[PDB]
Amino acid sequence: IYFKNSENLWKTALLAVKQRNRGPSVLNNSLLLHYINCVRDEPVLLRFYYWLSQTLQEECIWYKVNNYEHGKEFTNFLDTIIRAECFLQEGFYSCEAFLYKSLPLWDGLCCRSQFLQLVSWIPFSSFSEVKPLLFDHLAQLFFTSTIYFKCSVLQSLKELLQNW
Amino acid sequence: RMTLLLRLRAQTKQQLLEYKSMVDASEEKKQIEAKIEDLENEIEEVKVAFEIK
Amino acid sequence: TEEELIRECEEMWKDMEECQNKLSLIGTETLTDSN
Amino acid sequence: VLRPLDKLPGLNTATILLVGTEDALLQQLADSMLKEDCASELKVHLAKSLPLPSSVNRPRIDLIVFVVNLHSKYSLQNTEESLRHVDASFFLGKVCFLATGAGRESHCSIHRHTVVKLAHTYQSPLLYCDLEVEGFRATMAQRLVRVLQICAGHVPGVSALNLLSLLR
Amino acid sequence: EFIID
Amino acid sequence: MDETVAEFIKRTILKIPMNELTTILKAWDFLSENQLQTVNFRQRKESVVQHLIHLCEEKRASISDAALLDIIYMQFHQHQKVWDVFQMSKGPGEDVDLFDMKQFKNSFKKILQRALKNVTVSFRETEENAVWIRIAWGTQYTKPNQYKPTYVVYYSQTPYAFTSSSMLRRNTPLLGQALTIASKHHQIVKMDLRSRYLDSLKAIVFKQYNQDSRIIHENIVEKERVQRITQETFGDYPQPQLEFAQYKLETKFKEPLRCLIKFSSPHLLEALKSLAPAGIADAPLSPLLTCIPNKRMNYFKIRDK
Amino acid sequence: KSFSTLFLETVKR
Amino acid sequence: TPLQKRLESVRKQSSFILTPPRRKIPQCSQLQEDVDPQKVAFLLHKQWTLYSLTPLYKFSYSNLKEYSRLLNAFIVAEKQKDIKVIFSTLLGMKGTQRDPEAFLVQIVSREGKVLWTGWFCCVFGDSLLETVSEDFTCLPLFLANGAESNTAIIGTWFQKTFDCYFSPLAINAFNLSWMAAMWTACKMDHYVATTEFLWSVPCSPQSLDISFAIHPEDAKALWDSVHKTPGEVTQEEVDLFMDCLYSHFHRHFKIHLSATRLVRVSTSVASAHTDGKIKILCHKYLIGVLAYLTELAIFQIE
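Line by line, the protein sequences give chains A, B, C, D, E, F, G and H.
Residues 260 to 283, 365 to 504 (the UniProt record's numbering) are what the first sequence spells out, left to right.
Residues 39 to 67, 76 to 99 (the UniProt record's numbering) are what the second sequence spells out, left to right.
Residue numbers for the third sequence follow the UniProt record's numbering, so the first one is 20 and each next one is one higher.
Residue numbers for the fourth sequence follow the UniProt record's numbering, so the first one is 3 and each next one is one higher.
Residue numbers for the fifth sequence follow the UniProt record's numbering, so the first one is 302 and each next one is one higher.
Residues 1 to 211, 234 to 276, 289 to 339 (the UniProt record's numbering) are what the sixth sequence spells out, left to right.
Residue numbers for the seventh sequence follow the UniProt record's numbering, so the first one is 260 and each next one is one higher.
Residues 25 to 105, 116 to 143, 152 to 344 (the UniProt record's numbering) are what the eighth sequence spells out, left to right.
I should point out that these hints are in silico values taken from the structure, not numbers from a laboratory.
Beta carbons are placed, not taken as given, at the ideal position from N, Cα and C, and that holds for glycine.
Incorrect hints may appear among the rest.
[Stated by the list, open to error] In the PhoX-like style, the derived pairs of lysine-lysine whose C-alpha atoms are separated by at most 20 Å in a straight line are:
| no. | chain 1 | residue 1 | chain 2 | residue 2 |
| --- | --- | --- | --- | --- |
| 1 | D | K119 | A | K471 |
| 2 | D | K119 | B | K81 |
| 3 | A | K441 | H | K36 |
| 4 | D | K9 | G | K260 |
| 5 | B | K51 | D | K9 |
| 6 | H | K326 | H | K70 |
| 7 | F | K270 | F | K329 |
| 8 | D | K9 | C | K33 |
| 9 | G | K260 | C | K41 |
| 10 | H | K262 | F | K274 |
| 11 | D | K9 | B | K58 |
| 12 | A | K471 | H | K36 |
| 13 | H | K296 | F | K276 |
| 14 | D | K9 | C | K41 |
| 15 | H | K262 | F | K270 |
| 16 | F | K245 | H | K296 |
| 17 | B | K51 | C | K41 |
| 18 | C | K33 | G | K260 |
| 19 | F | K148 | F | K15 |
| 20 | F | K105 | F | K184 |
| 21 | B | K67 | C | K41 |
| 22 | F | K184 | F | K90 |
| 23 | F | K276 | H | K262 |
| 24 | G | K260 | B | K51 |
| 25 | F | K339 | H | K296 |
[Stated by the list, open to error] Sample of chain C residues facing chain B (criterion: CB under 8 Å; computed from the structure):
| no. | residue |
| --- | --- |
| 26 | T20 |
| 27 | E21 |
| 28 | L24 |
| 29 | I25 |
| 30 | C28 |
| 31 | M31 |
| 32 | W32 |
| 33 | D34 |
| 34 | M35 |
| 35 | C38 |
| 36 | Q39 |
| 37 | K41 |
| 38 | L42 |
| 39 | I45 |
Bound conformation, chain A alone:
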């Protein structure tokens, strides 16, 4: 099958032998994520933009059919996205392009801790060009949601300030 051996009987002997010897596309790759951390090239952040956008769209349309169990792989995919951004230390250009698209539609609690960690990793833009796109919907939602979203945005924008 896959490293399926009949040496299991010999493996007990191989276990004693080991004891005797002792006695005598890029998100899920941390060792390669460092490479793209070191290149702000086009053919690398454009293949990444395109995979990330089509994964934040297809897996977000996947919400509109289940919304219950798909909220644990997309959430665990957004978590890897956020971890990769924290390591690489710049907001992926597909994650503000996805936030700008999906913020007006966004409710308060749907991937709140994950959407409001993508807001923190946003490339530094002029406020006259980023406020209407994002901060006008993180205020439309800020003023209509409970303290646990107001604190989850003021924490989101607290990390956004640190990143900017």
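Got chain A sorted already, so can you dock chains B, C, D, E, F, G and H onto it with the hints?
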């Protein structure tokens, strides 16, 4: 019954404010690019007015 | 206690009613088209 | 024509008025608006066209939420046919534009720009949601209540007028 | 149709 | 045990699903109770379709009941091959005092083989008093084509005889022709009911179908009226049309304007009933659609007024 | 109308 | 320039500046340069399942045979989990001279029984052309006619070898009504098919559909009633054509088609669906129908 009464008083201190603001607006009897600039001026001088309040 | 705060609350309710009838005489019910 | 301040408020009553052609989604949104036990007596009103047949004793409507089903152009054309029965003093704070069906984006007979242009040309908040799913109702219905406590004056710091200055 | 077919 | 007879039986056996082998095979009586135990029905499909065909190889199967097997197959699958509805009409006089099943099976086969001399007409008089004819068509130059037959459910004494709209060949004026001659009628008229649900056509043509304190709905007096008019135009249990109720315009837009409105639903009359309450339709939903069963016909032919 | 108790007492709540 | 320009494009698109576009009426497109008449006529009356395909990285219209071999050895490999794959450039299915040339992908099975004939094109797609680098050959459209099993496998091969991704293009009822209006606004003659608009009411228990199948000439004289500005179609004009449909359907049946959604718009120019199985291309207006389809696939891409 007193905490609920205080909630009533806080609600009607503000509904009265809404009524009086509308009454004064109807008592009162152009540059759309600046019609929002003298409008944003309000919510920066209103903001100081009912922030110190 | 209640009798003191309720006097103020009902006085400003009288003001609420006075301003509502003031808003009941302007009565424009002004309309808003696409402009 | 409806007016924001023709009727006196209740005591703890914050009575919203949902205006939309489809009433199944309106009923679901109203059920979600009262599922949480808030501190305000929410008397939710449903409707299809704001003409709203003239029945006295109707409470002081503190909010009208024009639920615009982006799937159906009827829910829009009836909304603009219901926006011509509103006060200019009603669109300041006590008017929201719910855009249900959006986000699915494949059934939208209305482009989401047309609804945002509609809600921006009346200078009122446009709150997007998807009323067919409960998971997006209970989090949006609690947004229509926290807006409702603002316009009804239940939060004693923020007026209805102050609301659109925050949601602009 | 206006009940024409 | 013949040409286009054993093969036809094989081709009509695998069509039926695994559940209804016994139910269908008990009906056509080629397999007596002894023969049913020989074939084990529960193993596989190709095993049963091979041992069952062998049981009629030893029984010397003929097309006369090979078509009958297709008849019982269709009686449990009448919700395919969308049915036409023909309407007979005698002139002035007494009724058909002699509608013998023998005489009708003779007077249909005789007239049908008079012109379509190569056909395998097979009647199966059903227990609901509805003669379930099946005609395998084919001109005199060719053998009878059992690949696509035209089942005809002539309700025995009724003027109405449903017909499977399979090809609508030059035989459909002869299918009505022999139907109106065997049954002692005078005129055949396709009443223009064309629905796939035969048990729903039978009801329509014979008129046997109906025989919170905080949430203040402002338009409650209007919703109640919407429900009233919906409950006064669709009384109870609307039958499933499930057919393309065509509407071919010839109307001036308020010279004429043509379109061909086709309502396509899995259950049409229960979808129109759920239109006005859902806000898609006005409360007085137009007679135009509500009188689909009341008119007993959904491909209309009247004009403007 | 008069509020006072007529509104507050009626809503015991 | 190379990436931040796409950032600005996305920002502008999400900003939603007024977008009732005065789109030009589809113009009778003389078959430009070398469009294979047999091949083009083969692509016309065939139902394409619409997809939005991201730019093909490291793609070249010179290495056709080796890509065909790699994809053929992968198609029969998925059968292991009789078939030929012929990559075929089309040479003329482009709007501007700078657009990437459209190329086909056909699963040919002894004789030329073309099983799948997938198709990639970029016509009047200079809004994604000026945003990709030189290494990306941006083909926003993907047009697969064969079975979904083969489409969702050649799509995986393309994802693996070009880092291009296939979001299934879904034409919303808004764009469906738009393309319905402009395709009755053409100057075509000898109307192939009746102008049918397949509606679908939003009933929860039932799934009723409606086919407003106008006579193609009656839908042209009806469009001329709502056509006032020449050359360009307005969103007001499109909505007036759709509203003339609505008020001529509710006039008879008393049910509001505006309360429903378009699912298919059959026209003598081109039939079009919503769920993806969209493009039937009856007439040779296809350089404009595909222009709309690419500019809609660009929207899903960006």
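For each hint, the structure was consulted:
Restraint check for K119(D) and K471(A): the C-alpha separation of about 18 Å stays at or below 20 Å, so the hint holds. In summary, the hint linking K119(D) to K81(B) is supported, as the alpha carbons are separated by about 19 Å, within the 20 Å threshold. Note on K441(A) and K36(H): the hinted pairing holds, with a Cα-Cα distance of about 11 Å set against a maximum of 20 Å. The straight-line distance between the Cα atoms of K9(D) and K260(G) is roughly 12 Å, inside the 20 Å bound, and the hint therefore holds.
Between the alpha carbons of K51(B) and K9(D) the distance comes to roughly 17 Å, so the proposed pair stays at or under 20 Å and holds. For a cut-off of 20 Å, the pair hint linking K326(H) to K70(H) stands: about 13 Å separates their Cα positions. With a C-alpha separation of about 17 Å, the suggested pair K270(F) and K329(F) falls inside the 20 Å cut-off, and the hint holds. Taking the CA atoms of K9(D) and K33(C), the gap is near 13 Å; set against the 20 Å cutoff, the hint holds.
With a C-alpha separation of about 17 Å, the suggested pair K260(G) and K41(C) falls inside the 20 Å cut-off, and the hint holds. A hinted pair counts as satisfied when its Cα atoms are at most 20 Å apart, and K262(H) with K274(F) qualifies at roughly 14 Å. Taking the CA atoms of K9(D) and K58(B), the gap is near 14 Å; set against the 20 Å cutoff, the hint holds. With a CA separation close to 13 Å, the supplied pair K471(A) and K36(H) stays within the 20 Å bound.
For the hint pairing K296(H) with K276(F), the CA-to-CA distance comes to about 14 Å; that is within 20 Å, so the pair holds. Annotation: proposed proximity of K9(D) to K41(C) holds, straight-line Cα distance about 12 Å (limit 20 Å). For a cut-off of 20 Å, the pair hint linking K262(H) to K270(F) stands: about 17 Å separates their Cα positions. A threshold of 20 Å between alpha carbons decides the hint, and for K245(F) with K296(H) the separation of about 16 Å falls inside it, so the pair holds.
Simply put, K51(B) and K41(C) have alpha-carbon atoms about 18 Å apart, close enough for the 20 Å limit, and the pair holds. Of the supplied pair hints, the one linking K33(C) and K260(G) holds, its CA atoms being roughly 9 Å apart against a limit of 20 Å. For the suggested pair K148(F) and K15(F), the alpha carbons sit about 14 Å apart, so the restraint of at most 20 Å is met. For the given pair, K105(F) sits about 13 Å from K184(F) by alpha-carbon distance, which is consistent with the 20 Å threshold.
Note on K67(B) and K41(C): the hinted pairing holds, with a Cα-Cα distance of about 15 Å set against a maximum of 20 Å. Note on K184(F) and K90(F): the hinted pairing holds, with a Cα-Cα distance of about 8 Å set against a maximum of 20 Å. Of the pairs offered as hints, the one joining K276(F) and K262(H) holds, with about 16 Å between alpha carbons and a cut-off of 20 Å not exceeded. Only pairs whose Cα atoms come within 20 Å are accepted, and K260(G) paired with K51(B) is accepted, the gap being roughly 18 Å.
Of the pairs offered as hints, the one joining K339(F) and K296(H) holds, with about 17 Å between alpha carbons and a cut-off of 20 Å not exceeded. At its closest, the beta carbon of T20(C) sits 6 Å from a beta carbon of chain B; the interface hint therefore holds under the 8 Å criterion. A distance limit of 8 Å between C-beta atoms decides the matter here; for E21(C) the minimum to chain B is near 6 Å, and the interface restraint holds. Because the closest C-beta pair between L24(C) and chain B is about 6 Å apart, less than 8 Å, the hint holds.
This hint holds: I25(C) has a C-beta 7 Å from the nearest C-beta of chain B, less than the 8 Å allowed. Hint status for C28(C): holds, given a least beta-carbon distance of 5 Å to chain B, under 8 Å. About 5 Å separates the beta-carbon of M31(C) from the nearest beta-carbon of chain B, less than 8 Å, and the hint is met. Taken as an interface hint, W32(C) checks out: its beta carbon lies about 6 Å from the nearest beta carbon of chain B, inside 8 Å.
Checking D34(C) against chain B: minimum C-beta separation of about 6 Å stays under 8 Å; hint holds. Interface hint at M35(C): satisfied, since its Cβ lies 5 Å from the closest Cβ of chain B, which is below the 8 Å cut-off. The interface hint given for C38(C) is met, as the beta carbon of that residue sits about 4 Å from the closest beta carbon of chain B, less than 8 Å. Hint status for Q39(C) relative to chain B: holds, with the closest Cβ pair at about 6 Å, below 8 Å.
Against a cut-off of 8 Å between C-beta atoms, the interface hint on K41(C) holds, since the closest Cβ of chain B lies about 5 Å away. Interface restraint check: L42(C) against chain B, minimum CB-CB distance 6 Å, threshold 8 Å, status holds. Because the smallest distance between the Cβ of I45(C) and any Cβ of chain B comes to about 5 Å, under 8 Å, the interface hint for this residue holds.
The structure fails none of the hints (numbered hints given earlier).
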